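Chemist: One letter stands for each residue in the lines below.
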Amino acid sequence: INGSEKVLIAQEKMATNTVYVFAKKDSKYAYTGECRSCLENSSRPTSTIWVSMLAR
Amino acid sequence: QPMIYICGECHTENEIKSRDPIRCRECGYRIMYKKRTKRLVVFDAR
Amino acid sequence: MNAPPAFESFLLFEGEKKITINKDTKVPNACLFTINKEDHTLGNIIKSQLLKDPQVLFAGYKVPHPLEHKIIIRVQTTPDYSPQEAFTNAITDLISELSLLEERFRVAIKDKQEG
Amino acid sequence: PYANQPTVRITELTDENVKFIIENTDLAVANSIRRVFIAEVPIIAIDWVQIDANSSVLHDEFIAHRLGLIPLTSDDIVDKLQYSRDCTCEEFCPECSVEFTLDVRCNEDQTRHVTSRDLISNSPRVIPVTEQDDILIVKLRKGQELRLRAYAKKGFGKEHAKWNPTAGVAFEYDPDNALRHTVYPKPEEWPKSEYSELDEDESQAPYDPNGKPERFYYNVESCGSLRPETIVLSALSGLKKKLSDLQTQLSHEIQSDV
Amino acid sequence: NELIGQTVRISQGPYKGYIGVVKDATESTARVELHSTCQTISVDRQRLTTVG
Amino acid sequence: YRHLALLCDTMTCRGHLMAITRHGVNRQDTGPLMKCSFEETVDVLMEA
Amino acid sequence: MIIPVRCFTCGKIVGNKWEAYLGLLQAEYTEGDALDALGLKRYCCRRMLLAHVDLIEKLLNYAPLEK
Amino acid sequence: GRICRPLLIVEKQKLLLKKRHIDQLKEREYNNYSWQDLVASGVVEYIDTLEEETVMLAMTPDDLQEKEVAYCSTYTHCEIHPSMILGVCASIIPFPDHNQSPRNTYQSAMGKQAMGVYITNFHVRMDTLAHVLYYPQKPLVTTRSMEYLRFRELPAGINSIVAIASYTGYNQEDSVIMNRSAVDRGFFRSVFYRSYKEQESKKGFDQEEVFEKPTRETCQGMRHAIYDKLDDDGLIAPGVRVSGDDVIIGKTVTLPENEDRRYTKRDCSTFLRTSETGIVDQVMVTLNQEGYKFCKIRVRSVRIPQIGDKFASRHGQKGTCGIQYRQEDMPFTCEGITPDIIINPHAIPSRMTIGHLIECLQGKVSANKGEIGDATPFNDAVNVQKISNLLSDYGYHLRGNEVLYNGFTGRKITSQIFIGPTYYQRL
Amino acid sequence: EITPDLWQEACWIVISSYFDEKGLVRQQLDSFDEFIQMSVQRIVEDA
Amino acid sequence: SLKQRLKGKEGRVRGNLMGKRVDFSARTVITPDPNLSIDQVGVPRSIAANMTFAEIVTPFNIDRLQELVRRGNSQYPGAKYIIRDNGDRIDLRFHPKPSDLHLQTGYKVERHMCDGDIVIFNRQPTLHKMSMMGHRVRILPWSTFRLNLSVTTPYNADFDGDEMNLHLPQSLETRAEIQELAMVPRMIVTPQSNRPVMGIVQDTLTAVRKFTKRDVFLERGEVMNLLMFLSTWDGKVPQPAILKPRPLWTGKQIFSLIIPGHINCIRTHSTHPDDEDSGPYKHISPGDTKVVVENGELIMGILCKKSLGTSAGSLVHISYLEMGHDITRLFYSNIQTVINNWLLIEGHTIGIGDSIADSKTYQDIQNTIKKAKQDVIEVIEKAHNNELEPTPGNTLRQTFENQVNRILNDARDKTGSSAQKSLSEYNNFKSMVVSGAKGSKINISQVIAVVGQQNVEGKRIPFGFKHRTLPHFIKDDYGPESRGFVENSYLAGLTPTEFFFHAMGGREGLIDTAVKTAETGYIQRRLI
Ligand SMILES: [Mg+2]
Ligand SMILES: [Zn+2]
Ligand SMILES: [Zn+2]
Ligand SMILES: [Zn+2]
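Chains as they are written, first to last, in this note's numbering: chain A, 1 to 56; chain B, 1 to 46; chain C, 1 to 115; chain D, 1 to 258; chain E, 1 to 52; chain F, 1 to 48; chain G, 1 to 67; chain H, 1 to 427; chain I, 1 to 47; chain J, 1 to 528.
For reference, chain A alone in the conformation it holds in the complex:
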């Protein structure tokens, strides 16, 4: 690119379309699930839904 040799560094990310259960121990939620849902060959980006149990 303009005579300059460019390298696309591979960028990590959380794996999409996969349910995860994490613990926001500082928030009001005991256990929070998530699923960074992203359909393959879809122009729209990912859209994370969270499913979280309240801590009381």
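Treat each hint with caution, since some may be false.
[Unchecked claim] Restricting the straight-line Cα-Cα distance to at most 30 Å, the calculated cross-link-like pairs of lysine-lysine (DSS-like) are:
#  : chain 1 : residue 1 : chain 2 : residue 2
1  : J       : 360       : D       : 186
2  : D       : 142       : C       : 37
3  : H       : 296       : G       : 58
4  : H       : 386       : G       : 67
5  : H       : 67        : J       : 373
6  : G       : 41        : D       : 186
7  : J       : 371       : H       : 386
8  : J       : 244       : D       : 212
9  : J       : 516       : A       : 25
10 : E       : 23        : J       : 108
11 : J       : 108       : D       : 186
12 : G       : 58        : H       : 386
13 : H       : 293       : G       : 67
14 : H       : 138       : H       : 293
15 : B       : 38        : H       : 293
16 : D       : 192       : C       : 18
17 : D       : 19        : G       : 58
18 : D       : 192       : J       : 382
19 : I       : 22        : A       : 25
20 : J       : 430       : J       : 373
21 : C       : 110       : D       : 19
22 : J       : 516       : A       : 24
23 : C       : 52        : D       : 142
24 : H       : 12        : J       : 475
25 : J       : 414       : J       : 441
26 : D       : 142       : H       : 138
27 : J       : 441       : A       : 13
28 : B       : 17        : H       : 197
29 : D       : 186       : J       : 213
30 : G       : 58        : I       : 22
31 : J       : 516       : H       : 386
32 : H       : 310       : C       : 70
33 : J       : 236       : C       : 70
34 : D       : 240       : D       : 192
35 : C       : 110       : D       : 242
36 : J       : 430       : J       : 414
37 : D       : 192       : C       : 23
[To be verified] Label pairs and their in silico Cβ distance ranges:
#  : chain 1 : residue 1 : chain 2 : residue 2 : range
38 : J       : 19        : I       : 39        : 50 to 56 Å
39 : B       : 40        : A       : 9         : 37 to 43 Å
40 : J       : 10        : H       : 192       : 51 to 57 Å
Derived from the structure by calculation, the hints contain no laboratory data. Using N, Cα and C, we set each Cβ at its ideal position, and we do this for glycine too.
Start from chain A and add chains B, C, D, E, F, G, H, I and J with the ligands according to the hints.
Modeler: For chains B, C, D, E, F, G, H, I and J with the ligands alone, kept in the frame of chain A given last:
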């Protein structure tokens, strides 16, 4: 007064002018290489 | 850049003395001989020859710095006997044994090449 | 109060090396004769390289470097040449230099090896040392060339390592360390020297306190620029010359003090 | 100055033989720019000799 | 002990705990240039 | 790139050995036999050929820019 | 985007990599039997990281399919070779399991910084900051994995006879004493190329750059430098010495108020970068994307190793050059061998690079035996006792120590200095 | 049959076959290859 | 904005008013030099031919300064600016006519700096007041700042590509101020912990520990070589400790020639037995491990880092307090020079012979690893069968982990002690550890015997996979090798699972080192 440039891929040599677009005559190759200077060089063999 | 040129090891300049005698004042009969543009390949032989006199009480040499080309040979001799005399006898004794060594090396070559 | 009488015993003499034993001298005399083998022996080596043309894949300073380190036959000329910076000539002459000329263009599809043979002297005695093959200076593709003129001058090993006549100067005293200068932790593991004279039962010699270093064993292997015995003769002459000039300056300084 | 820019060959002294180009000229000691190594040296103008 | 005593004495030479932040150093009367030399620079000068 | 003219430690002229070293390798010797067939006793002279990579033969493939 | 790696496949307690696969796989370019034929044969397969949670992975087959007091005996896959867990820069380290792990990380940093022949077509490339080396060497102590990174074809660094000795005191605190005569024989003498690009800009007639030799009487703002080095087109011909604040590109831009007197177009020239010097290697003249004339000048400067120059081992053992002694000052063995480098003995015991010592020992064994020695990490066919028994046959001490003589006094050194060849990298 | 103790030279044969088949940069080349071969058409049709 | 121009660390207050770019300063790499005093820095010529001191023309120096102006610029010791009485600058680099190169009393001459000029030398990050000290210029040829070895310790500068900053004080008044406050002899003893900061660095310290042993004897020629390097020697060769059969000096006599004035200290060597001062021989030490310097002469004892180092009450601290501070500068320089020049005769190395124990020791190490490994396995089979009982205060799992960590730490300690009983007194690891110059007993234990338990966050290697640490181990494997204990040493090398667990522990150390820096610097900034 013309400067002699070596025609990149062609490896032949040609004259050039001031305000002249840089083109070979053999195949119009755009990269010229300027010839080695005519003044003397001297190296200490160290 | 700041590379000293290669002739700084052995070439002197205008206003450089090859040898400088400075009479020591701490003890009697002692001198510092500052040799400019030399190294261990002179002062080591002079030190070892000055240790062979029975009249030299101290014979040492040091380089102040290995990037600056000078040595100092300190000589302390016995009183009645000048250290300059011990130094100029050490040089003559070295020239004596090296010329003798060179002649014996010549004779050994003539022995070896001629069977 | 005087100098002991040394003596020489030569064990072998080959066109590469000389192996000898110097007895009845001090350690510092012996080390200095080694250091004058390495440094203070003057030979003839290329020092002024004028590249007329170059098209080779190696750049100019690399070729001038490789022309520096080529040994030249200087067996009798180096005693006749003045040092270049000492001559009164118009900055180069045949009294302080040897002219070399290289003029090679590769006009063939084979890779043409510009070797040391292509260095052409005007002095028939000072030629590169290369039975053995020639010293490869630069390879050439078809179309490439190099032309240069190179002046060689007298110098010694302190100035640059291209004026070093010796390949290797092995030097050892007391090969069974009766002196115990080196102290082995377990002397059974240690291999015996070439000059050891102990039986294989014994590891190292018994200590003597009254001993001193003598019987110095040398192995002077030349690189080809000098015969290995004229390295030793030139070294002894150079060390005696350094000591004599030191004595002359000493006499001047003593006469200046008085 | 007239000397600056010329290519000179050091004709005397420890640097004898080196080719260079004068950066600065003085009434006394010119500064020669050595073609062989990377450095600039001051030399008396009696030593220098112009080449071509 | 000189250094520990000096630090513990500057933090308590005001009667209350002088926390070493902007929140404790920039509440004592020392000087607007001194107080703007620390982390909050423009706000100290605007207030002064 | 090209073979050094002198061994770095000794100063033994090793630059004339390289093509004969290649000849003794292709004539089915071991490398250790080829080195002391060329007569290199000291290991510092043996590393100079034993671990050389003759890179100039790669550089000669390219057509010369000047001609 | 998942990240997998190939593993062998283990039926009941046996590898599926039979001898016939090695027989068909040695004879490549003839049978056209590739890796992909072995993936097709159901012998290896790619396992990713999720599936590694549900796999029972044999490390090596010579230990882990033979009956013993059995560990699991339910292996599914077998690792091909453990040395393939390492990266590309941690693969060039000899014996990296003998080092400490911060030292391996630091070498992985330094191995990206070593000078060397970075590419084969470097004479065509107009790279900015090209560091190439005169006489690079392959390591005497190498791994098997350097054959596949092609490190023996474009290497970076020279095999050097180091000695590990306290000495005059210039290898004190991570520095090294070098040999002046070795350096004068081309040892790590490198060459640094730097290019310089400049084009002119045809604009709306108010400012118009053009390459020409600027004249003091014609051009304004012309800085006091030498302009007779330039050719007639405002460029340097190759093979011309330039130094700091020498011009390399004569370019003048026009001034819109030359009529709005007698003083015309201003100097806009690129000088050589100050406190640098060297010969102009080569100059190319061409057109850019925009059709404007455009010149690149690559300027060559060789770099002889001097003090302050930063060298490093293959183990994170960096250090600048403290001093350079000549050959007669450097110590020497019973034979004529002097060191090229002398490194600090105190650099070892807190850093704990024992792999440096083992590389040095295997280097003596390799340079004497006449073979490029093997230093794969997880081997078990090479430990230090076998290296010592191989060294003892060539007339040396078992553990590489060798009696150095002093270079100044000639009295042989009371301790026995560890000496031998390692592989040093110039950074 | 199997490889009893010449395994040490038999594994580097298959490492060499891997790096002669694949090479060191199959990630970059295969990723861009599948991009410009399939995914650009997928972007054009999915608009 | 304007508030954004002022508010930053790169702003006007902090970025330009507090810390600003300064003229008359140089930055190059440092490389060691032991042949110059502790307050001398060896600057290059091309730095010194570019940094100028404005010297006032007085009738004492008018001929000297006249000659330096006649040399002009780039005839190195000369000058570049000559400043008139009305503040008019005249160049000397552009070669003016000779009529205005005259000097009368009152002109300034900005001359190139020579030997003996004072400079300020520092290292970022400047932590304390001995990280920025005043040196005297020595002009040495090559292009680095050669500075001395014992000034490494206050600077924390380890020459592996470290470059330092050199400021020149321009006025004569600030030159005298730096000479009277910030000289490195006046910054030997620190106020933070009333002890010295210089000490004696590594190679001089091992060579002086080997030097001052009881069995070191010196021939007359070696004595005369060593006494050549004492700056403070009054020219009197001492009487030998051995007159007959051969005149033979002990190294403690030469070291008594080093020790200045008449100072009196009693210290203990690092391997002094604690049961020696109980019974007999408390004044005639059989190991020569009780340092007594007395009336300025080293009576007895071997000088480790507890004698010459930066510990308080050491020999150098008492040399600072009883004698002067110029005298301690001389003491440091004399130790460095004469002990390096003895070390040329002695020689000191380290090798692979120094990392190998005899086979009886290896059998002891392997028997201890096998015994402790079987003990961990039998603790595990007690833990599975609920026969392990919980320690009061924690769970059964934390009780188990205490048992396993206690057995493995006992194994590491017992193998470490059984390794270090087998150095045979010539092992150079022991030579550097006993002097305290570089390393510790743990490094000897890890090189010879066993690396030991690898840790991540203070506990063992966690189960990153499902209930196993690596996919080579069976699930729920709480054994030694599964959980990160490394039984191999650096001489034998690590197996790949042990290599990876070792790399984990090392990554934890590098994360600590890289994250520590910013928070510690911000704490320092808030405190100041
Ligand atoms: Mg550092
Ligand atoms: Zn053409
Ligand atoms: Zn002449
Ligand atoms: Zn050699």
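Chemist: Look at each hint and say if it fits the structure.
Modeler: So, going through the hints one by one against the coordinates:
Distance restraint check for residue 360 of chain J and residue 186 of chain D: the Cα-Cα separation of roughly 17 Å lies within the 30 Å cut-off, and the hinted pair is therefore satisfied. As the CA atoms of residue 142 of chain D and residue 37 of chain C are separated by approximately 50 Å, the hinted pair breaks the 30 Å bound. At most 30 Å may separate the alpha-carbon atoms for a hinted pair to count; residue 296 of chain H and residue 58 of chain G meet this at roughly 25 Å. Restraint check for residue 386 of chain H and residue 67 of chain G: not satisfied, since their Cα atoms lie roughly 56 Å apart, outside the 30 Å limit.
Restraint check for residue 67 of chain H and residue 373 of chain J: satisfied, since their Cα atoms lie roughly 21 Å apart, inside the 30 Å limit. At roughly 27 Å between alpha-carbon atoms, residue 41 of chain G and residue 186 of chain D fall within 30 Å of each other, so this suggested pair holds. The hinted pair formed by residue 371 of chain J and residue 386 of chain H meets the criterion: a straight-line CA distance of about 28 Å does not exceed 30 Å. For the hint pairing residue 244 of chain J with residue 212 of chain D, the CA-to-CA distance comes to about 17 Å; that is within 30 Å, so the pair holds.
Simply put, residue 516 of chain J and residue 25 of chain A have alpha-carbon atoms about 25 Å apart, close enough for the 30 Å limit, and the pair holds. Distance check on the hinted pair: residue 23 of chain E and residue 108 of chain J sit about 28 Å apart at the alpha-carbon level, within 30 Å; holds. Restraint check: the Cα-Cα separation between residue 108 of chain J and residue 186 of chain D comes to about 69 Å, which exceeds 30 Å; the hinted pair is violated. With a C-alpha separation of about 38 Å, the suggested pair residue 58 of chain G and residue 386 of chain H falls outside the 30 Å cut-off, and the hint is violated.
In summary, the hint linking residue 293 of chain H to residue 67 of chain G is supported, as the alpha carbons are separated by about 23 Å, within the 30 Å threshold. Straight-line distance between C-alpha atoms of residue 138 of chain H and residue 293 of chain H comes to about 43 Å, which puts the hinted pair past the 30 Å bound. Taking the CA atoms of residue 38 of chain B and residue 293 of chain H, the gap is about 24 Å. The hint holds against a cut of 30 Å. A C-alpha spacing of about 45 Å is found between residue 192 of chain D and residue 18 of chain C, which places the hinted pair above 30 Å, so the restraint is violated.
The hinted pair formed by residue 19 of chain D and residue 58 of chain G fails the criterion: a straight-line CA distance of about 43 Å is larger than 30 Å. At most 30 Å may separate the alpha-carbon atoms for a hinted pair to count; residue 192 of chain D and residue 382 of chain J exceed this at roughly 59 Å. Taken as a hint, the residue 22 of chain I and residue 25 of chain A pair is broken in the structure, with Cα atoms around 46 Å apart against an allowance of 30 Å. Between residue 430 of chain J and residue 373 of chain J, the direct Cα distance comes to roughly 29 Å. Compliance with the 30 Å bound is thereby established for this hinted pair.
Between the alpha carbons of residue 110 of chain C and residue 19 of chain D the distance comes to roughly 15 Å, so the proposed pair stays at or under 30 Å and holds. At most 30 Å may separate the alpha-carbon atoms for a hinted pair to count; residue 516 of chain J and residue 24 of chain A meet this at roughly 26 Å. Distance hint between residue 52 of chain C and residue 142 of chain D is unfulfilled; the C-alpha atoms sit about 68 Å from each other, more than 30 Å. Pair hint residue 12 of chain H plus residue 475 of chain J holds up; C-alpha atoms about 19 Å apart against a cutoff of 30 Å.
The suggested pairing of residue 414 of chain J with residue 441 of chain J holds, with an alpha-carbon distance near 13 Å, which does not exceed 30 Å. Proposed proximity of residue 142 of chain D and residue 138 of chain H is supported: the alpha carbons are some 29 Å apart, at most 30 Å. Of the supplied pair hints, the one linking residue 441 of chain J and residue 13 of chain A is violated, its CA atoms being roughly 44 Å apart against a limit of 30 Å. A C-alpha spacing of about 21 Å is found between residue 17 of chain B and residue 197 of chain H, which places the hinted pair at or below 30 Å, so the restraint holds.
The straight-line distance between the Cα atoms of residue 186 of chain D and residue 213 of chain J is roughly 21 Å, inside the 30 Å bound, and the hint therefore holds. The suggested pairing of residue 58 of chain G with residue 22 of chain I holds, with an alpha-carbon distance near 23 Å, which does not exceed 30 Å. Of the pairs offered as hints, the one joining residue 516 of chain J and residue 386 of chain H is violated, with about 43 Å between alpha carbons and a cut-off of 30 Å exceeded. This hinted pair checks out: residue 310 of chain H and residue 70 of chain C have alpha carbons roughly 29 Å apart, not beyond 30 Å.
The suggested pairing of residue 236 of chain J with residue 70 of chain C holds, with an alpha-carbon distance near 25 Å, which does not exceed 30 Å. For the hint linking residue 240 of chain D to residue 192 of chain D, the alpha-carbon distance of about 35 Å lies beyond 30 Å, and the restraint is violated. At most 30 Å may separate the alpha-carbon atoms for a hinted pair to count; residue 110 of chain C and residue 242 of chain D meet this at roughly 26 Å. Taken as a hint, the residue 430 of chain J and residue 414 of chain J pair is honoured in the structure, with Cα atoms around 18 Å apart against an allowance of 30 Å.
Only pairs whose Cα atoms come within 30 Å are accepted, and residue 192 of chain D paired with residue 23 of chain C is rejected, the gap being roughly 49 Å. Between residue 19 of chain J and residue 39 of chain I the C-beta distance comes to about 51 Å, which sits within the given range of 50 to 56 Å. In this structure the supplied range 37 to 43 Å is violated for residue 40 of chain B paired with residue 9 of chain A, their Cβ-Cβ distance being about 49 Å. Roughly 32 Å separates the CB atoms of residue 10 of chain J and residue 192 of chain H, a value that falls outside the hinted 51 to 57 Å.
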